[PDB]
Amino acid sequence: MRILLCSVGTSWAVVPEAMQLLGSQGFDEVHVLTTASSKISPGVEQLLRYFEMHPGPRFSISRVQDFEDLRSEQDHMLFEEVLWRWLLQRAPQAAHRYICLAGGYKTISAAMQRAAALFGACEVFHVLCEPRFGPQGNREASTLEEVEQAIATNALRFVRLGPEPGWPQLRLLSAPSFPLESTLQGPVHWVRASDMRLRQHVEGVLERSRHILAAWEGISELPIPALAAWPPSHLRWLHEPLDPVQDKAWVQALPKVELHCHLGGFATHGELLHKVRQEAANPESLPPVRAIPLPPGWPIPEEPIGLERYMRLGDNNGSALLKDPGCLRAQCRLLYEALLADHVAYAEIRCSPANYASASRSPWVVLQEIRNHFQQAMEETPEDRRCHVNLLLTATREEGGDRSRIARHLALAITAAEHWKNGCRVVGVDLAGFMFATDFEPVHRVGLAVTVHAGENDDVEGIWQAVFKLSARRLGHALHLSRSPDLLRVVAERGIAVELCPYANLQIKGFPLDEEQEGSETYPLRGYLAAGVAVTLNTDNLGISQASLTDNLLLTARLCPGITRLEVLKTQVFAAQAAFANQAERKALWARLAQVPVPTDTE
Amino acid sequence: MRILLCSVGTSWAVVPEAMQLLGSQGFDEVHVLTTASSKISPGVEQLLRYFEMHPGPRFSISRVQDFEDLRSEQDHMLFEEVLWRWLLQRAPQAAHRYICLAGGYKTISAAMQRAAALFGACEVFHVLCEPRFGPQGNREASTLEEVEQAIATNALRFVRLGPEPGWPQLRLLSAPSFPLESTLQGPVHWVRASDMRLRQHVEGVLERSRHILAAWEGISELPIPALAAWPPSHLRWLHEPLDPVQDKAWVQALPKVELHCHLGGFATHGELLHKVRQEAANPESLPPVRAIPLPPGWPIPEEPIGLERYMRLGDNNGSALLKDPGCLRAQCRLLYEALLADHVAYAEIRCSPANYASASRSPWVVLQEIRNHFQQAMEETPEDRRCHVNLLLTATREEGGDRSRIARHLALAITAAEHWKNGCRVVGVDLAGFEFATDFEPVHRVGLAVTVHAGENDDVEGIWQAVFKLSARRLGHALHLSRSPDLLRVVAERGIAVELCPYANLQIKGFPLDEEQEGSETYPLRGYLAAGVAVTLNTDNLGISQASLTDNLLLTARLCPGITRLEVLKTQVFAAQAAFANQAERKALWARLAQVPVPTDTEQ
Ligand SMILES: Nc1ncnc2c1ncn2[C@@H]1O[C@H](COP(=O)(O)OP(=O)(O)OP(=O)(O)O)[C@@H](O)[C@H]1O
Ligand SMILES: Nc1ncnc2c1ncn2[C@@H]1O[C@H](COP(=O)(O)OP(=O)(O)OP(=O)(O)O)[C@@H](O)[C@H]1O
Ligand SMILES: [Zn+2]
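Order-wise, the sequence lines are chains B and A. Quick note on numbering: the first sequence equals residues 1 to 434, 443 to 611 in the authors' numbering. Quick note on numbering: the second sequence equals residues 1 to 435, 444 to 612 in the authors' numbering.
Hint data in this document are derived by calculation from the structure and do not stem from the laboratory. Certain hints may be false.
Unchecked claim - Using 25 Å as the maximum straight-line C-alpha spacing, the simulated PhoX-like pairs for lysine-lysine come out as follows:
1) A:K248 x A:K578
2) B:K578 x A:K106
3) B:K39 x A:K106
4) A:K477 x B:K106
5) A:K595 x A:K421
6) B:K578 x B:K595
7) B:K323 x B:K248
8) B:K421 x B:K595
9) A:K578 x B:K595
10) B:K477 x A:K39
11) B:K106 x A:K39
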């Protein structure tokens, strides 16, 4: 197939002359674009007579109804829109497209050239006639007899500009997406453009292509590969230090990943605690609301309060309340609502079903109820904003105490790992208080991921036994990793993720704030990132800490001077990579992460 | 700063009319480019006279010496080549670039528009003059007085096309890189260009940009990000099954990574063995050459010969030959030469220095000699072709033999890990036994990576012990992972690399070859790849197996039906990520891997 597109102005001989570009072979069909000027109607009638006298290929003449003459840039813009739509309609395939640029204004020929360059064309050529005609024998063909004699005498020279490859993302557009209206006035069509959707789309695609090519060199330094389409100014903004007050909206709109979120520390105080209590199935058995005065300056304490006091601050919830089915359901639904409000795309909630068991409610029943509450919450949310939740069972070694709870939690995890295979799942266990792995072989045998929850001890020996004796894949609260260079190198090389909770660490350990340089007591985020460690920022306890994931992300701007927004994105990508999700969950999380919000202050 | 660029044809009045685009402000710099036709000269004197008055802006007129008419498209190409250089020299900055396409040929205005699009400019506009001038008041202004009247009567209409950013790869181009030969003839510069390098550069840049845009969609499925610049036909070629016979040249040129290579099994026979023996320091203690007949059909045996016979095949080299300093030096140099010939960019060599020690040569001396030979060989190679070599110490359990060597090798590795920090290094220890949990705590405490060299058995329990008790980061010859589903899932999730040797596994174990479809006994390479396991292809014993890394990669096509060359690239990337390298070595390896050879038979 071969389709020829030609533009005509005051001279009608351009079409018959360009029809002889291929010689005796001819064109399978020639299409002519025309303006609305009345000065060209005799040209149109002569072209129609020529076409009738030369039957064969399909003929169609298109006139721009709204373009009578070139008076301003608006007329040229409308002509460009109409020409693009007409080329799409009459030339669906760029390999079958032949374009002639003899006729039209000096801008119209450039319009055809640009259209061929963008949307592609098999060949773009210019038809010329040797001046030997007229009464003086110096003009070119102008009448039917003159055009016929010019074609016969071979007074025509064609300038073949060569095929135009076009662009990959503009070579796939189709006419039905952007239709064109044509009013037939005799054998010539009168076309018009209803709107400029096609041109706006083309301009946006070209701008996106320019953005992609500009940042193409150096794309491996970007966390999200889809982030390379950002404008260079926005990337420069991304490479700047985070502002805790200016970037609140951007951090809030970010799709985040949660990995350290204790379920029993969500509704410890405030209105959420009363909302949970009012949902109790047996309201008479609710324990009295004791007085738990928060330290002054919460959530930013003046001085560190210690792990024991931090634990004691959450005595109004947990095993006291969640032994009631109604309180447990309310806690689960409120936690899911809080996760949705913070734009979290993947969360791993760690719970202790054994603590919540009753005489008639075994730990298995409690775990099943928690899983079903989370699954029902997930299934009631649209997939475009659904936060996938997985469960970690918390086995804790307490001072003295009984070892039955640890065994029960391990067995419950080892059972739930195979019971559920879709939706909310038990993805692993975390070992809090354990350096002693003799009963942890079965969890490794069944493929359960293990994360070790580091405690008050600032012992490098604990982070060693977690890595090489507990076979931990994530370390929680590993703030003293830099004290042993060998351990830091091992953690970086083996890809063990270090999950950090800014507010919890500040309230328990305490770190300098709003510094200008990196000190000896400074928060170890930037040091870990510079060493190649996979660092993740989490919330720990939403209720006790009284800070969401966005607040934790923003607080790094104060804890670590010079923290950049790209490093926040790096932490999010590290959390996504370190999650215990499967293939489908990981691909869904990656799809969610690609939708990075656009900045609001340019650069 | 505002520079105006205009073309001039038969009508010189276009430049003065375009001079009033901004109004009274004018242009701080205006340049005129035209052809060498004699008809352009009177327009030249008219423009010079017009520049005599209104002397505000800077003036210059350029004429293409070799371009006069539109009678040759090659003239058009030369005109474009001179045009781009003239625009770069006269309009170095696109932001300060104001281009007018009123004058000149239609192709001249097209060149104006194309140059503005490619290189960028602040504004492209067309100037229109009312015909209410000249005799009869029916022609556009063409004289000094007529032009001034048109300017002073608001008779000029301007069509500002709008700002054009230009492509990123063409905006940073500089005039000095593409000089223009200008000769002064009065107030006009006669410009000429010696080479068409600018046009070729532009064409290559646009072609590469088109390829990158086409491949942008599938950017996460490409193991090497540099493959996005490949043409779409080549990318489609990359996704077809590997052909062992027609893809040998492409595989031979690939920058490969070696993770499983034994030093003592490189020159077990052939002319390499004779060269190593000739290089002996004392040619009287050399053991007599033992007659070891290779199994028929080598390197592709008719039937698998087992591990014991495969080990015995290399009895002419190793412990009973490498105790000679000259033999050891020749061994190391020949191994490095073989590595270079295969285009290997990173290699990890496994050696047993204790087995090569004598009364006057302690294991440390042997290890230091091996390291220094490899480092010296590396330093004599250019950095662009240099193959970085690291060392792995093999601690092999014996069948109730010696136990002192298993400790001496570990101590030697722990010492060498701290001794050397640049060039060749000892990066880990190889465990060829227990596949001992109390013997490797010191290894882990110093940051040494351990690779478990499984073999001569099919037991998932050994793999479990290696992964969880030995803390192995790589597994060798783990061909039975699929038999245990939990083990396969754990290996996939923990990012443990599996070192597969095609020729060695085929010779020892035996697998079906050239089978049309996969089966129960098929090679587990593609099954491992589909499960998310990081698989690597190595050589094991270069000498005993009698096959190079390229041979192994090609034979993987026969072992695994319908394997694509993109899978080969994926295996190379997996080997690069699984190497026990540091930041500098890893970045150098990544830089080397980015130079994927271009395919040659992408025509079907
Ligand atoms: N930041 C922390 N540091 C140390 N231990 C913690 C921390 N947060 C929670 N824990 C411990 O985790 C254990 C189990 O966590 P979970 O979130 O399931 O709490 P819980 O069962 O509701 O707690 P409780 O009933 O003791 O208040 C609890 O015993 C708590 O002591
Ligand atoms: N393909 C293999 N499969 C299993 N074990 C192997 C393999 N190749 C080598 N080994 C083990 O590695 C040890 C060292 O092999 P290497 O190639 O370095 O030669 P070597 O030091 O001369 O060996 P040897 O002690 O047999 O003389 C061998 O003794 C054997 O224990
Ligand atoms: Zn081996």
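For each hint, the structure was consulted:
1. For the given pair, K248 of chain A sits about 17 Å from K578 of chain A by alpha-carbon distance, which is consistent with the 25 Å threshold.
2. This hinted pair does not check out: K578 of chain B and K106 of chain A have alpha carbons roughly 52 Å apart, beyond 25 Å.
3. Restraint check for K39 of chain B and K106 of chain A: satisfied, since their Cα atoms lie roughly 22 Å apart, inside the 25 Å limit.
4. Between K477 of chain A and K106 of chain B the alpha-carbon distance is near 79 Å, which puts this suggested pair outside the 25 Å criterion.
5. Taking the CA atoms of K595 of chain A and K421 of chain A, the gap is about 16 Å. The hint holds against a cut of 25 Å.
6. Between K578 of chain B and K595 of chain B the CA atoms are separated by roughly 18 Å; this keeps the pair inside 25 Å, and the hint holds.
7. At roughly 37 Å between alpha-carbon atoms, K323 of chain B and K248 of chain B are farther apart than 25 Å, so this suggested pair is violated.
8. The suggested pairing of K421 of chain B with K595 of chain B holds, with an alpha-carbon distance near 16 Å, which does not exceed 25 Å.
9. Proposed proximity of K578 of chain A and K595 of chain B is supported: the alpha carbons are some 19 Å apart, at most 25 Å.
10. With a C-alpha separation of about 91 Å, the suggested pairing of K477 of chain B with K39 of chain A is violated against the 25 Å cut-off.
11. For the suggested pair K106 of chain B and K39 of chain A, the alpha carbons sit about 22 Å apart, so the restraint of at most 25 Å is met.
Violated hints, listed in ascending order, are 2, 4, 7, 10; each of the other numbered hints is respected by the structure.
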